[PDB]
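Asker: Chain by chain, the residues:
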Amino acid sequence: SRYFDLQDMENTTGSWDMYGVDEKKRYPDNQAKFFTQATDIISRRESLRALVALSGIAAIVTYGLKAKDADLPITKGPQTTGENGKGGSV
Amino acid sequence: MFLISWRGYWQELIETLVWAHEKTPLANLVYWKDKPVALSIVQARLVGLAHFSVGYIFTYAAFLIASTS
Amino acid sequence: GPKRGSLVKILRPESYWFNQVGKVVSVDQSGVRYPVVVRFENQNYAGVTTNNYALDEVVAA
Amino acid sequence: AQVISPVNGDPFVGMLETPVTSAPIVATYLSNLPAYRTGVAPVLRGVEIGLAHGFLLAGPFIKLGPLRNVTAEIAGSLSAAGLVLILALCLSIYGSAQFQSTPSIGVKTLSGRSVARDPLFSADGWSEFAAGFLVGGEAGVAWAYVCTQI
Amino acid sequence: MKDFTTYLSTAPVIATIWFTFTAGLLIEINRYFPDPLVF
Amino acid sequence: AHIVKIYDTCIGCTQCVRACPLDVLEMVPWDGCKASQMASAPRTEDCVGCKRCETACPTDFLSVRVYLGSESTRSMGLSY
Amino acid sequence: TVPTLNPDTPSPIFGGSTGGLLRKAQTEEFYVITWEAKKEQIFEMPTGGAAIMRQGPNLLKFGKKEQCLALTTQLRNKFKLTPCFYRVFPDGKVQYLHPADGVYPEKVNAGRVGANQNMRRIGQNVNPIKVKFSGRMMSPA
Amino acid sequence: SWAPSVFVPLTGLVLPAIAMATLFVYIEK
Amino acid sequence: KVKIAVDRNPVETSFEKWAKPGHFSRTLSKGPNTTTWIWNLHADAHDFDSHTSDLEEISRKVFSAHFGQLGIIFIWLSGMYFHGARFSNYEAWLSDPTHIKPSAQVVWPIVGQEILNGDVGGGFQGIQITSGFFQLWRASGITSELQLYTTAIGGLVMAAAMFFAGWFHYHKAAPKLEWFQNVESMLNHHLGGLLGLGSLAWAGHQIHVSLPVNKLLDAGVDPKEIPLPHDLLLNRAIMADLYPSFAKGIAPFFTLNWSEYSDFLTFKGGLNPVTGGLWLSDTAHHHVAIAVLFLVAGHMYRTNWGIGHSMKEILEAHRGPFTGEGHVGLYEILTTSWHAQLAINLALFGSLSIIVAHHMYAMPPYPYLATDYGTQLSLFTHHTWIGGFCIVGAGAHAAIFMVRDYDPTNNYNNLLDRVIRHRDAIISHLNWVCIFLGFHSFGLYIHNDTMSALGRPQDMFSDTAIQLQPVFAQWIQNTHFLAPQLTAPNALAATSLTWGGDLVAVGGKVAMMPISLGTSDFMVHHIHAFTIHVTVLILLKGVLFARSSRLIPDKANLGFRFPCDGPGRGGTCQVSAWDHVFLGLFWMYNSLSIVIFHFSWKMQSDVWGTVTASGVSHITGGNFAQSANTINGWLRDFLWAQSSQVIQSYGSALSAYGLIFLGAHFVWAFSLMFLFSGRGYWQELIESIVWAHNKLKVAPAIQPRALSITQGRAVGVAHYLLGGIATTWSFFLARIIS
Ligand SMILES: CC1=C(C/C=C(\C)CCC[C@H](C)CCC[C@H](C)CCCC(C)C)C(=O)c2ccccc2C1=O
Ligand code: SF4
Ligand code: SF4
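Chains as they are written, first to last, in my numbering: chain Y, 625 to 714; chain R, 5 to 73; chain X, 2 to 62; chain F, 345 to 494; chain U, 2 to 40; chain H, -16 to 63; chain C, 3 to 143; chain L, 16 to 44; chain A, 3 to 740.
I should point out that these hints are in silico values taken from the structure, not numbers from a laboratory. The C-beta atom is built at its ideal place from N, Cα and C for all residues, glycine as well. It is possible that some hints are incorrect.
Unchecked claim - To list a few chain C residues with every Cβ distance to chain X over 10 Å, as calculated:
#	residue
1	6
2	30
3	43
4	54
5	59
6	75
7	79
8	80
9	101
10	103
11	117
12	119
13	131
14	135
15	140
16	143
To be verified - Stretch-level coverage of chain C by chain A, calculated; a stretch enters the list once three of its residues show a Cβ under 8 Å from a Cβ in chain A:
#	region
17	15 to 21
18	46 to 52
19	60 to 74
Kindly generate the complete structure, drawing on both the sequences and the hints.
Answerer: Shown next, in the form of structure tokens:
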């Protein structure tokens, strides 16, 4: 009934994995193979800063540059004649 | 806010938040590199002053221009 | 040192009573550096009416 | 008998084991989720988490958006595909800083024996998660607008 | 009443017995000489 | 960590050691003062800089000084 | 004279509080306090809560040395007892702290040479132009 | 509409996006 | 054995201690060295716990202090009556309520102040009052001034008696600790005598004086011509004539034939159509029931006979699984700590004063109350405030208990212990919920402002575009108007017209009408709930960690009231419980300020106004629902537009409100000097000034010192509140009167 042990250096402070059960794969034989092979080329961390950044800008610069009333009210532009100012201006 | 209320409140606020994070599951799996701390006194001093001045300037500017125009 | 109860000006510039008057309580006859124990009527910020000074940091006037 | 008790015996650890936290259930459900699993390689976890948020982000940007009163679901589609790719920057950049030399977790289980450390926290760890959050996210977004639209 | 008079000669009491005097004086003078911008 | 110094105007009344919350100061023998003792700061890596020590000093001017310096995990009062 | 041995002894009665240990105790330095309580009497938990002391040797677990010296001064003043206390590291090492030389720091003990002790009046410091072109401060001269 | 369709959203997002990214890594590491 | 215990002549009654300022503490008794002394002696004047450790002496001090308070309050009540008798329009007001403005203050003719005596009616020149006394007086059946004079003289005597009482029960016959601890007896006597016999005897006044005199006045007969209220007693022929059931006397009472008293003891509800106030008959029956309830309630607790509950028993009984030992130990605490009791009592009083404001808002209980918009706005704002303050005070003292009285060794308590053991979860969750609330309330207004600025009204949060309907509230309103039919059959109309229909109006003005609830109301309520949650965050954090935290474990030793513990630990500014109360006051002010603004705009836009050809013109034309959805709408449609009458109040009777308008801004801004700065600057300033004095041999002996950090904060918050509140005060009253 003593929580004070120098040899037991991990139980002491309370670094207990609260719900970290060490169970087997419940994940399927056919499906785990579908999604290992499919998500193995994008795996590497260096490739993400090359793909996600540059292809992500290519996602903004595509759906960003593609200019009419159909989708937004600015590329629509002014569809009426200019209004009169305060100092008799155009 | 930054001028009137000072550190001790905010740090203890943070003090409970930093416990709160560390025994929140799923979120547990994320931890900070840089320990979260309250801004200094001198920091609070500057940050108040800055907000105050910016607000001053911008408010007047909007008034000055909109009224004169 | 100065005679006990004599009115003495302080000449230590970093004192709260600098160029001010105090009375000598007792000058310790030993090898101590600040023997001249002075007591004043008015306190400092730190709620203290008394301090110790050296023989070159007093002048009986 | 007290419903609430000290943490796995120790009363001098910052926590209280309520029937909310520790119980017969909750300890079985949270382990069933992708992230908390210990024995699995770091590829399949990220996909099971990453996909899910692609559907939580998908519903939203359809019905509340600017083109809610009309391209309403095409509008909501790739916008859910976005918070995916930014999370991938956030999670790739989160990873870029932290891990320089070896892992760091509570090594043991509740039983207390020195179990092998997880790859959840490592140099090659968060990479495959950050990849899982991408391939899961981007693909997982597409199926909230192949089912609601197409 | 040595004690009672020392209290009446306390700071907050004197101030008040002084201010009702120099207030009245200025209200009084503004009555019989109303509205001055000279003298 | 913070710097803490004791100057020779110390009387050795011991209030600054007795006041500290983190045990930075101690009393040592000396030959300068009526009390035959002086204050010392051998543990400034544990110093927080809360300035109780200064508030406790009777000397004029104070014979303990705390110069707030480079800040470490202990000096920032962290338990997390 | 010898510093304290570091044995296993039972901590006093406590239902548990949220104020206690966290990630810092696991990957940084946590702190341990030791003393011999005579009877079972209650004490204020410095990280919040009521807690009953037990007879014989009692040890507590804290993550900051203030939480020791708040308690120790609460154990030393109230109950009139005398506790020792020292650090811990996460690889299994210990640092004996207090009382460092058996004697508590307020009353004098031989063999504790003076550190950071300037031997002049403070106004006999030099002006901070005379400490540029360095990595030095205004007091150390 | 040619120029400001490109340069506004790049200055709005793509400049702060990689700035907050590459300055974060400068801070922590 | 509950019994009368007293000490005989504990303190002599000469002026020996008057002449010695700061006698009460050994520290201050030594006299002043510095000017700080002066402040300290006023700061700690009533802080009896730090003076002495003896609970007896403290206990004797506290109520004698309360007899003094009650004396003062009587003298105050005496004041209003006398002026209402001597310097008022009331008789003129008792003859044409609609066309006379209530006034009970006259200015003297000097220094142009004469202009303040405004055209208030009845041939009288003066200041229009908004206290609501004139309606009280009509409700009490007061008909002539003489009566007001006599009530005034009585209050003065009562003031004398209370002052006597307070000297007595300290200097001749001071009760013993035992005494003060008779909680069961105190509770029983206060419930049954004070409240019970109070509302009973009042109900006597109402049934014998109020009800008859009111009917004759509402009939329209000249008040001078109305019979005097004692002749109603000795000639019941007049009472029989007014309500028939008096013929049968007190026989129906004893015989349980109470249904015959349905003449004057009703349950009709709604408003009296001729006066715009609740039926006095409903009120008489209300007080009659309430008296019985309280009377029987006051016989719960055990005293000098076996029968009755013991507080400690009920407390020790109530325990369960999650809490451990539960309520155990609480009795002993709440019989030994004044602070704890003060903490409880302030929370519930405060809550009470706010519910009083609302219930007085929704159910005007006095004649011609509803139609005196000045009075109604004044009373609701007032009572909403004092409540505000009292609630913050509850928090303050709770913390003071937590620091000074809590001792687990001597007076253990587990509920408290368990609360302490998980404080981190509580505060963290409150933090979360508050950020939530802040975003989803303020954020909505910012969103609206942005959409409105960007030309997108169809995307706004509003009845027109976005709908956020208060479905629950509408349900409850639905249930309230249909209740008189189904769930409360004997009730004729609704409790209030703001739920039901039937728009009742008096003198061409709207007394009350159904209040519509839309998106704008959805908004403001959630703002409130945000503000309250933040205030609770600050104050609860303050009380729970008053003793210790992760930063300062030994905070408990440092005190309740103290500035800091230095620049160490990174910096520890505002760690104390006091500082929490400090910041709590600002958020409270914030919350309460939006409530009363909510109230005023709501009332002028959706409720109040004039009644034309089968139709209604509101004061601000129902702009609320469309304007209060954006910050710009408050800025312009409320603040800017409404401030019109205050800003041009010059040259009129209302000019004092313009002066106070500016003065309150002054004092508000003036607070910021104290709040933004620190005494380090000020002390050095003072060094130079002191030089200047010494140079001319005019230095004071009492060494001039800058205020403490704490005093700087106190002065700051005080001037901040006073400025803010006084500005809103000058605003509303000039606005609503003009
Ligand atoms: C100005 C200022 C001061 C200095 C201001 C002081 C000391 C206020 C007190 C001044 C008054 C005028 C002194 C009271 C004098 C007596 C009433 C007697 C006067 C004699 C007759 C005229 C009645 C502080 O002490 C301070 C402290 C902390 C934060 C901010 C500030 C701050 O802003
Ligand atoms: S306080 Fe000043 S004097 Fe007393 S010991 Fe520490 S240093 Fe020497
Ligand atoms: S500063 Fe606070 S901690 Fe650092 S030494 Fe002086 S007292 Fe001990």
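Asker: Would you mind marking each hint as holding or not holding in the structure?
Answerer: Here is what the structure says about each hint:
Interface exclusion of residue 6 of chain C from chain X stands, the closest Cβ pair being 38 Å apart, more than 10 Å. Against chain X, the non-interface label of residue 30 of chain C holds: every CB pair exceeds 10 Å, the least being about 37 Å. The Cβ of residue 43 of chain C lies farther than 10 Å from every Cβ of chain X, with a closest approach of about 36 Å, so its non-interface assignment holds. Under the 10 Å C-beta cut-off, the non-interface status given to residue 54 of chain C relative to chain X holds; the minimum distance is some 40 Å.
Non-interface status of residue 59 of chain C relative to chain X is upheld: no Cβ of that chain comes within 10 Å, the nearest being about 42 Å off. No beta-carbon of chain X comes within 10 Å of the beta-carbon of residue 75 of chain C; the shortest separation is about 23 Å. No beta-carbon of chain X comes within 10 Å of the beta-carbon of residue 79 of chain C; the shortest separation is about 23 Å. Non-interface call for residue 80 of chain C relative to chain X: holds, since the shortest CB-CB distance, roughly 27 Å, exceeds 10 Å.
Against chain X, the non-interface label of residue 101 of chain C holds: every CB pair exceeds 10 Å, the least being about 29 Å. Non-interface status of residue 103 of chain C relative to chain X is upheld: no Cβ of that chain comes within 10 Å, the nearest being about 27 Å off. Against chain X, the non-interface label of residue 117 of chain C holds: every CB pair exceeds 10 Å, the least being about 21 Å. The beta carbon of residue 119 of chain C sits about 14 Å from the closest Cβ of chain X, which is more than 10 Å, so the claim that it is off the interface holds.
Distance to chain X confirms residue 131 of chain C as a non-interface residue, since its nearest Cβ pair spans about 19 Å, more than 10 Å. Interface exclusion of residue 135 of chain C from chain X stands, the closest Cβ pair being 27 Å apart, more than 10 Å. Even its closest Cβ contact with chain X, about 14 Å, leaves residue 140 of chain C beyond 10 Å, as expected for a residue assigned away from the interface. With a least beta-carbon separation of about 17 Å from chain X, residue 143 of chain C lies farther than 10 Å from that chain, consistent with its non-interface assignment.
Judged by the Cβ-Cβ criterion of 8 Å, the region 15 to 21 of chain C is covered by chain A as claimed, because 5 of its residues qualify and three suffice. Three residues within the 8 Å Cβ limit are the bar, and the region 46 to 52 of chain C against chain A gives 7, so the coverage statement holds. With 5 residues having a beta carbon nearer than 8 Å to a beta carbon of chain A, the region 60 to 74 of chain C meets the requirement of three or more and the stated coverage holds.
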